[PDB]
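One chain is shown next in structure tokens, namely the form deposited in one PDB entry.
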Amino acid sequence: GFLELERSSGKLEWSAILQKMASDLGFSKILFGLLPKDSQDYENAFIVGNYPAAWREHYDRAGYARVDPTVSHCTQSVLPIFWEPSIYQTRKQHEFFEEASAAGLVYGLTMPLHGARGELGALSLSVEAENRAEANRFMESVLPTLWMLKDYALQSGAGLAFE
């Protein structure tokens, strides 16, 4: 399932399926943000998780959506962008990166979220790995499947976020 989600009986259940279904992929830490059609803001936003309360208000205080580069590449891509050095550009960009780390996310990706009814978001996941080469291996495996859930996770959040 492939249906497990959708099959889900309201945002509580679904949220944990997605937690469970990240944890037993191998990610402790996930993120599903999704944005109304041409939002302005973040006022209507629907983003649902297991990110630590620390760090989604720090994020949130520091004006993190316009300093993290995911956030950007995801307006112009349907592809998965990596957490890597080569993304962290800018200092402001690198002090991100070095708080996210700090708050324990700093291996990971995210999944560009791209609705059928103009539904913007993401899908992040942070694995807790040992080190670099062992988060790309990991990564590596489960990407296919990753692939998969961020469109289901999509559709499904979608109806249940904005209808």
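Positions refer to the first chain, counted from 1. By rigid core we mean the largest C-alpha set that fits within 1.5 Å across both forms. Compared with the form deposited in another entry:
- Relative to the superposed rigid core, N44 undergoes a CA displacement of at least 2 Å between the two forms.
- Superposed on the core, the two forms barely differ at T145: its CA moves less than 2 Å between the two forms.
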Contents of the next structure:
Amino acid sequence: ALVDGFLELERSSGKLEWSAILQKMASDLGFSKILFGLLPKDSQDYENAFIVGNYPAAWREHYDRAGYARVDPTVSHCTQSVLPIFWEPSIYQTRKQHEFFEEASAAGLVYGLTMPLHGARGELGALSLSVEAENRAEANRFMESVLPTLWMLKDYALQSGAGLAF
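Take the protein just shown as the form deposited in one PDB entry and give its structure as the form deposited in another entry.
Coming up is the bare chain, nothing alongside it.
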């Protein structure tokens, strides 16, 4: 129930409740782990982004410490496009990106996609969602099956989330 979810987000109070609702929307849809990240207009301060979700804490910590925002191919994608980027080995091209892939894989981030977020007031962000699957073909099958719902979800989360972050 997408619209119901949105209304729940917009009747929530504080970051904890908002994050619980969003995570449950994603979980119900069939995704595993999620990260919603948002920066205000003109900011490139990734290490101080508004971050929501259930990525493993030690991974989030590692990412900040290693300055992976500068290497993560989804981040660079988000600066150039409003279209999703699917997590495939082909997006990891540089030597650093291969290292990144290995570390993200260890944290359970193998299959999934990232939806770039570009808000009405210049907010810049991402909604990333991982998928538990036995192979790429099955992960892609699931993602296709829910892509239209998720496409609406990312914009509802952006509109609501932007008000909470800022």
